[PDB]
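There is one chain below, alone, in structure tokens, taken in the form deposited without inosinic acid (IMP).
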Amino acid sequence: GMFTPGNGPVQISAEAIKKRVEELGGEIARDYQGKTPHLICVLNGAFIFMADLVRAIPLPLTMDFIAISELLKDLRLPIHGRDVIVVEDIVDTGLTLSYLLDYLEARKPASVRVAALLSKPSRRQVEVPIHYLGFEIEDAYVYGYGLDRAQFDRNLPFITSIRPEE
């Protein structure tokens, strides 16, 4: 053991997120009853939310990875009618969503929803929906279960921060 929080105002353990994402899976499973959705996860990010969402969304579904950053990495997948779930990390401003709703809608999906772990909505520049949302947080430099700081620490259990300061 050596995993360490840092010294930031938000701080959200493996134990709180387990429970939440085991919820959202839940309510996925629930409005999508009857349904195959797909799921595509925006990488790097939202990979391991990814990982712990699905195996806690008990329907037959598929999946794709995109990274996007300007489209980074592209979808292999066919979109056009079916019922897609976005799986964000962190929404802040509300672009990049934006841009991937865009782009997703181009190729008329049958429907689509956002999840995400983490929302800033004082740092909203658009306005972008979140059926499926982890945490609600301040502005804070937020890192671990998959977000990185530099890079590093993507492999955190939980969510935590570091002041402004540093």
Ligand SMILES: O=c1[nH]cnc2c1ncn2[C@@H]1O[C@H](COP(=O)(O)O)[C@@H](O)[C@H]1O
Second form
Protein chains: 2
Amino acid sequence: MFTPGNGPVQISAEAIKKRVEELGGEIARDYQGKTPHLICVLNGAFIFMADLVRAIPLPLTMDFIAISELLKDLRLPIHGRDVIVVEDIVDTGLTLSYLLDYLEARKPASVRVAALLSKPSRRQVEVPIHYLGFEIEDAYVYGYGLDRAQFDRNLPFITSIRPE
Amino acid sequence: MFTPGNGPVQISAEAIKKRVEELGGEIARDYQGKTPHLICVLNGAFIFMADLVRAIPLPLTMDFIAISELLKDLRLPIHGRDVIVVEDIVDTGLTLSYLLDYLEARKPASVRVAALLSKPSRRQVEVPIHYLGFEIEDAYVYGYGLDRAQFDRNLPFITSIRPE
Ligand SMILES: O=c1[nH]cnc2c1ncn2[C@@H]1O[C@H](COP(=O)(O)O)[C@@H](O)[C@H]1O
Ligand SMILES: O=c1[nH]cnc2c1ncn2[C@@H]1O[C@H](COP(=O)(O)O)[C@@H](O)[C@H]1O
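Please could you give me the other form, the form deposited with inosinic acid (IMP) bound, since above is the form deposited without inosinic acid (IMP)?
So here's everything in the complex, that chain up top.
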């Protein structure tokens, strides 16, 4: 009974699957000979993370963190590691900006960002996104891990509501 | 370059996909008219969780917890909710046993368990598993979210090593 909202942004499970596989392939190529450490930003990015890692045929480690201050700390060391932050959607960029400064403080070998979506018209602070799934217009999206008042994270596709 | 180990347990991505879809269907049927709250036990169950929820066409909420004592607490209320714990693999059952007592203490409306795997020959404490993916022989498995010294969680299939 998965039903799309009536918003302007709509991305099918098929379109998402293909893009994620493409991103995984790019990462595998860019990180050949390396062992990246992917950090999933909970809760929204967990499905993107699950699909993305399965498309990266390289030896790698993972960790999970919650941010909003951080509600969940890192468990594995990141110093000297080639880190890849996995985000759901970059809106104003404030959260990612804070996260990047936090991670850089531990002196990782490098840090790149993978994000399923980005709403650049809302950007308040410039943050990098090396692996972007889709650039979209300003709209509240949900599904594929992203919530609407805690619900709808289970929709296999990305949908949205009207600003109304 | 995803390569299987030489252990006795081997489960393909295809076999896993079909089983997870079956489990999701059962849950959707069993919980018709309800709004379950699925709690993913990190880190191992995150991929099973990602695939499972996308196979449950019902309105539902989610949360994530880390256990080993708990390393990550619950954020959403569970009192009066129909809770479904999502685990990666039940070995001795000690962890799940502790988790169930913890959750029951908050008086949820009900609690059921979904687990991808179970090694019953290792069971030290009897714990319920209402939605089980596969019952397997005693072996150390990895892949599909489960790690081998933090690595191999990204394998799209379940594999194993030899006890040797
Ligand atoms: O359109 C949306 N749908 C769902 N969540 C969103 C949306 N926009 C922003 N968020 C959440 O806000 C968090 C940080 O947003 P930011 O700090 O403004 O870039 C993201 O990681 C999302 O969890
Ligand atoms: O064969 C295995 N492979 C990977 N992890 C395992 C295996 N067996 C047990 N575990 C981990 O041990 C945790 C709890 O095991 P238990 O308390 O003995 O039932 C599970 O949630 C897994 O994360």
